[PDB]
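Work the whole structure out from these sequences, hints included.
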Amino acid sequence: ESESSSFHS
Amino acid sequence: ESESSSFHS
Amino acid sequence: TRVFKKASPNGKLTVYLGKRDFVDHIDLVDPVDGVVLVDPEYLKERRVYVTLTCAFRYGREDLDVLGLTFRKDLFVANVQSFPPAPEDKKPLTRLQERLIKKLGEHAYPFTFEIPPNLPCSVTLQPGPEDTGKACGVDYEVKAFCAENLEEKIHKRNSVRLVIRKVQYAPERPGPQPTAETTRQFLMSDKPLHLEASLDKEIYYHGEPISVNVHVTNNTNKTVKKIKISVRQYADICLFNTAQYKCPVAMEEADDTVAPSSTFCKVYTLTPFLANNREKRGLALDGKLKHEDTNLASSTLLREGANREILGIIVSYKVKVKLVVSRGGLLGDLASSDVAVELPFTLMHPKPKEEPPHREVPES
Amino acid sequence: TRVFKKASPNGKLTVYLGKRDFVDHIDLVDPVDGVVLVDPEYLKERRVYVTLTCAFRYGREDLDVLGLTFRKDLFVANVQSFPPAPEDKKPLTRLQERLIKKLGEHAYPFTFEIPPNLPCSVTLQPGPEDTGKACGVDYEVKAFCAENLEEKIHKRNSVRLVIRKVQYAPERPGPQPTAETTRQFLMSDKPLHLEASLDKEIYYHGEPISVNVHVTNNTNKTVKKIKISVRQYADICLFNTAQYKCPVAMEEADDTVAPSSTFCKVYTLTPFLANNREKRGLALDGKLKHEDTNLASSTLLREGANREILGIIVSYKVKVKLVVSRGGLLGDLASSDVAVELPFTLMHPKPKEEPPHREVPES
Amino acid sequence: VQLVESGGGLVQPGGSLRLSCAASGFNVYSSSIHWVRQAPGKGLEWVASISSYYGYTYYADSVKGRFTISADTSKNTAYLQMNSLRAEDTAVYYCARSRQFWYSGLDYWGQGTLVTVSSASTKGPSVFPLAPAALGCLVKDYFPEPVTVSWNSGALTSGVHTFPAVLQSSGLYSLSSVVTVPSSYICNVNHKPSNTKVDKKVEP
Amino acid sequence: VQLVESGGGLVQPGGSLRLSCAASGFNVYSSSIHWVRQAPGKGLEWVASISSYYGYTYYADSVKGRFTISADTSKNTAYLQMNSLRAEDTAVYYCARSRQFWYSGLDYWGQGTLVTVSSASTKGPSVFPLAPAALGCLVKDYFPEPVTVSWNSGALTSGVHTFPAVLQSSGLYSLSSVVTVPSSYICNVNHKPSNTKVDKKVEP
Amino acid sequence: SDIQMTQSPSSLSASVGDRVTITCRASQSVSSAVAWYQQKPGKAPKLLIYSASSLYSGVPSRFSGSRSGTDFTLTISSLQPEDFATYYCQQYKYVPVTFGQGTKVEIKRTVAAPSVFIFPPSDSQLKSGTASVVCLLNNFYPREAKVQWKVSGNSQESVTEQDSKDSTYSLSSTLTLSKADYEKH
Amino acid sequence: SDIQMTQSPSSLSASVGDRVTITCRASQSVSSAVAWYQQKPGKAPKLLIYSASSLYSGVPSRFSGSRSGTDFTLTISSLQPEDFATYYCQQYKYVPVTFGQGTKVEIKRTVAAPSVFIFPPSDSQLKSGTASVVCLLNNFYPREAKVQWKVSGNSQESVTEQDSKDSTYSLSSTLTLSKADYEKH
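Chains as they are written, first to last, in PDB author numbering: chain V, 343 to 351; chain U, 343 to 351; chain B, 6 to 368; chain A, 6 to 368; chain I, 5 to 136, 146 to 197, 204 to 223; chain H, 5 to 136, 146 to 197, 204 to 223; chain M, 1 to 151, 157 to 190; chain L, 1 to 151, 157 to 190.
Please note that the accuracy of each hint is not assured.
Unchecked claim - Stretches of chain H that chain A covers, calculated by requiring three or more beta carbons in the stretch to come under 8 Å of a beta carbon on chain A:
id: 1; segment: 31-44
id: 2; segment: 57-69
id: 3; segment: 104-118
Unchecked claim - Computed list of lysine-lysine pairs in DSSO-like fashion (alpha-carbon distance at most 27 Å, straight line):
id: 4; chain 1: B; residue 1: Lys-250; chain 2: B; residue 2: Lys-230
id: 5; chain 1: A; residue 1: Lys-232; chain 2: B; residue 2: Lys-250
id: 6; chain 1: A; residue 1: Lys-250; chain 2: A; residue 2: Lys-284
id: 7; chain 1: L; residue 1: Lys-93; chain 2: A; residue 2: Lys-357
id: 8; chain 1: B; residue 1: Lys-250; chain 2: A; residue 2: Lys-24
id: 9; chain 1: M; residue 1: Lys-40; chain 2: I; residue 2: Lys-220
None of these hints come from the bench; they were simulated from the model. Here a beta-carbon is modelled for each residue, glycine too, at the ideal position from N, C-alpha and C.
Below is the structure:
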């Protein structure tokens, strides 16, 4: 399925 | 009313 | 040879005419000839006037008055017979001179000359609750004597006779009208072909009508029903063009067409008034007082003159329709039916010697 | 901010995108930017390919196979990421460079650029008996690695992500659409005037629609019923032109108009899917897998270019009809009804920061 | 254009019958069909008429209430309804065609059919010699018509004078045939309905 | 944009009530309406919601089977159905409005209404003096809330410490108000539901 | 309304090529809605003239007709041998369709002597129980004749058609009787 | 499925202008479909932040929030005097809509000496038939306190809100008893 990731700033 | 006649010849 | 006549309620006036029907050859019209009997001794007006009038008598809806009909004159021409005008010098026909000889020196001739491009004798079929006069186009001739044209006319001092203006089928037929249609769909590029053709463009009243139809189905759908019909196209021009249609006879065929398959057959229809009595407003041919007539024969116009003819213009067409199964991506939203129209022409053949008369088996 | 990612069933590949919706300003479209993660150590094909495809997947009716849908591609463009082509030199966006920094040297960027004048994301409402995929226009992105383009693709060796192409309501409204009609009859020369006008050509989904109507009756007839409706116009471009209509909501007013009298009033209609669930084939906005969306928003073409846009084009209209009493000389043969059409435009306002998501109150 | 009719026969009084008028070469929608009868020794007499286009039915006063007409457009054939028949109604019946646009007389006529309305039953022929110039042979008390009569099985065809049969008050028929012989046999007589050939000789 | 609700009251357990949520400044076709409750001394709690566009109804598990929601598009007002009410269900009820395109929280809230579900009946207030610094006056065994309490008919407003009422196990209410007097009267107390003003004096 | 037509004369005989005329009358005005028919013995009637003046297609021109007020006339110029049949005048103005009685036309011949024969009943009549006597008249012209019976009705007459070989009639009158009455004289 | 959120700490007190933070936890993945509300005592709740990061229109900028995995954070930079109320964390990803317990925020004051008073029942209580004794504690900070009863439950407590004039609490514990039990000692 679609995964919800981020880019930690 | 509508009557008829002729010309005897 | 016998002739028609009628007298005023006073009996001092009498008019004589050769016939009641006047043939129009499209290009020209037969001259209307006649002679009137006069009694100048009793009449102090000393002037005699006759008139032929083209008027559209029609009933009124809004007014609550029963029996009253409105009438709009379309063409009025009047000629004075007595006293004999030296300017109105005209020849007399073979019968007219004989009539003058028989009646003597107290009878005067008269003649009107109808300009061409005029509506034919047509009557609208009255409804069940109708008790007034006929509705449609009708000619009449009125003869009277008065001191002046504008003088008030008396009911006892005038006469009224009705005449009819009819056409006949031309001797030479033309080409056979044939029409074809082609329908394409969205799911596939296979076209839907249809052909329709009649026997001949000219038919007689009461004869069977046979049509040839061929179907070329190439799509994946199936044809359910095939609708064959012929309708009456009526054109009326009183103040504005009003267009309306009415079918005369319908036949339904239960033929089914498999996908990517063809079909051919022939069917027959017959128009008649017996099953269409209740259909209000149908166009009918000329009526004298109440005689039952056939369906209104087709009117032949002045070629391709593109004129705006007043009155009623009648025509007929042949309608063929196909019912196509629905469903699929569009569901029941599209309109997949296919139709085609075939015009044709219908009159009476030329009479030999006998003119049509009024309901021969009188009861 | 947060981003979206998905991995192949093999787990070797993972693709990252900034969003799933892409705004088209008609004239230009937002560039589609992204980065893919690659594992060349186990990857012996030495080549990696990504593709954005505009295809019209569509179900099939004649094929008795349930679930089978035919797919017709309309626009396909593919770009290779690995190995890095020296010719495909492109700048990286502000987020794209940060993503490359985060992932490292084993991630490669990519970018497609959609040409304008292309169909938007539209979905056809499936019937109650439908169990296959969605019907309509939908974009998707597929990424994979292969030795050659023509090489057979493996299910474990590819991914598929769906994106949407939507429009937004322009900020500057236009003039107010107002339409008037005038009908004349044959019995009398008095005309029949009608005026219709909406509030504003731009509405939002779920807002009430108010129309101003004025009637000038001058004839002798009486108006019986007044029909107000709005219908969905669907233009389909697959092989030919496909035209059909479907109403969304109808209101009937029992107003009667006396002869030679006027009238004026205002009515309100509201479109919503709740009462139109059973209406098969309705046009709906883009769906991801099964999320319930609103009615298909109106599509704004690129001015008057007269382009023959492929796919589906949607529009709306306002229909007002008048029922006129029959009878009289023509009886029930004429067609005296009067109608008018008012077009209008309906979209979504510009979102501020939050993009629309998938059925917030999940059950 | 050929007009064909069938359905006649002999029926007891008060019954019913089927008269179908099979017309060929033309349709019924353009023609008006009429029925006319003629009693033996009498003149013609119109009984009924039909109008396909106007759907109008007309009947004579003498035959009102008991007679009805019908027509089928599919087969271009018309049927005639009769009920409660009277013995006096026996005659020869004809179906005719007339142009509906317009009436111009009765141009087309059928072959004609014979109907017999009587309670009498078939009777055997009776043959009697006639002694004497001329020679005769009488046939009486027989039913129904006709009979086949010859002299010497057709060998005497000179001077033979067969006479038309007569209906006497007993409801049977009788006739006589005579032949002239100056100086000088076999009365060859056959009755087809009874299929009986009764023969006799005449002697002084 | 103003949200107005009405229809609350005190009902015996197991009954029913009418909660009408009158919305103004907006329609229901573009918004989703929700109901939330909060028990006294407890937190908020969602009970029901309605979706006009999709025609979908949602209810909490604790209130399933006994609660139903309804809405009228004619005047942008919705009604709430409750049946077989429980005494524990008494709380403060709120009607809220949320954007349907799209969900962005609960921006708009009503004024809130109080519902009481108890079989207890109204009880008369009881006033007792509190001899002694500080002076007090106790009120107990009364129903329902609230009461109006003052000292010297409002002439002693310094040091007065009215305390919130408490529900004891007998189903009635009780509260106490105290005032501080260093050296040195009239416990002006009124119960609005009973419309009874009972007054007392405190002496050493 | 019903209409009665009297056609006169009832019947006549004439030679080949003679000028012959027939008169048809009407009880009321009928205008020119009058037609004529001819029927040969044993066959269907054949139309000759319609509208009282218009010849049908394919007819010999020898046929002719005329109208004078309430009286109508049909005239034949030359009498062909096949013109000897029955004729009728018909009106078609008012219902019901009422026909006339008709005139039969026959050839003309010289007077033929009636040959009188008498045949007494046979001996088989004695056992039959019924007595009948028949008299024979052969080759007599014209058809009318006088009969004398002697040894008073209930007697039958049978007359044959003109035999084209002789163009003469044959008369046969018979009288039935009982046994006792026959034996009376 | 149901989602349970635990808000910590339960309650705190601080001085004006301090930086305060709150922690919101999730039982499962909730993405960023999380919002916050503040409710003043006796009024309707007021929305502050939606999507766990987006400030509402018209809010002072001193409000702030943060997200970190399954733990969500809201932080206040400067404490305005009107910011002392109750706050709640709410998620809106899955039904049902499940609220939290809430945190009460109050001002900070110095320690206040609890003044202890005891009030024996009045003489009218003798005729009432019920015995009750109530002790008075006034102007004490903070809320927590120790109570000793002597002459063992069924005793009630009524605590008033911070009096803004003094910002101190008042405690009142009462114990009902029967007549004989009261007369025991």
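Hint-by-hint comparison with the structure:
1. With 3 residues carrying a beta carbon less than 8 Å from a beta carbon of chain A, the segment 31-44 of chain H meets the three-residue requirement, and the given coverage holds.
2. For a cut-off of 8 Å, the count of residues in the segment 57-69 of chain H with a CB near a CB of chain A stands at 4, and the three-residue condition holds.
3. For the segment 104-118 of chain H, the proposed coverage by chain A is satisfied: 5 residues have a C-beta within less than 8 Å of a C-beta in that chain, meeting the threshold of three.
4. For the proposed pair B:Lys-250 and B:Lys-230, the alpha carbon gap of about 23 Å is at most 27 Å, so the pair holds.
5. For a cut-off of 27 Å, the pair hint linking A:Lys-232 to B:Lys-250 stands: about 25 Å separates their Cα positions.
6. Taken as a hint, the A:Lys-250 and A:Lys-284 pair is honoured in the structure, with Cα atoms around 12 Å apart against an allowance of 27 Å.
7. About 21 Å separates the Cα atoms of L:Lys-93 and A:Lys-357, which keeps this hinted pair within 27 Å; it holds.
8. With a C-alpha separation of about 61 Å, the suggested pairing of B:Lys-250 with A:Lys-24 is violated against the 27 Å cut-off.
9. As the CA atoms of M:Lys-40 and I:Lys-220 are separated by approximately 37 Å, the hinted pair breaks the 27 Å bound.
Checked against the numbered hints listed earlier, the structure breaks hints 8 and 9; every other hint is satisfied.
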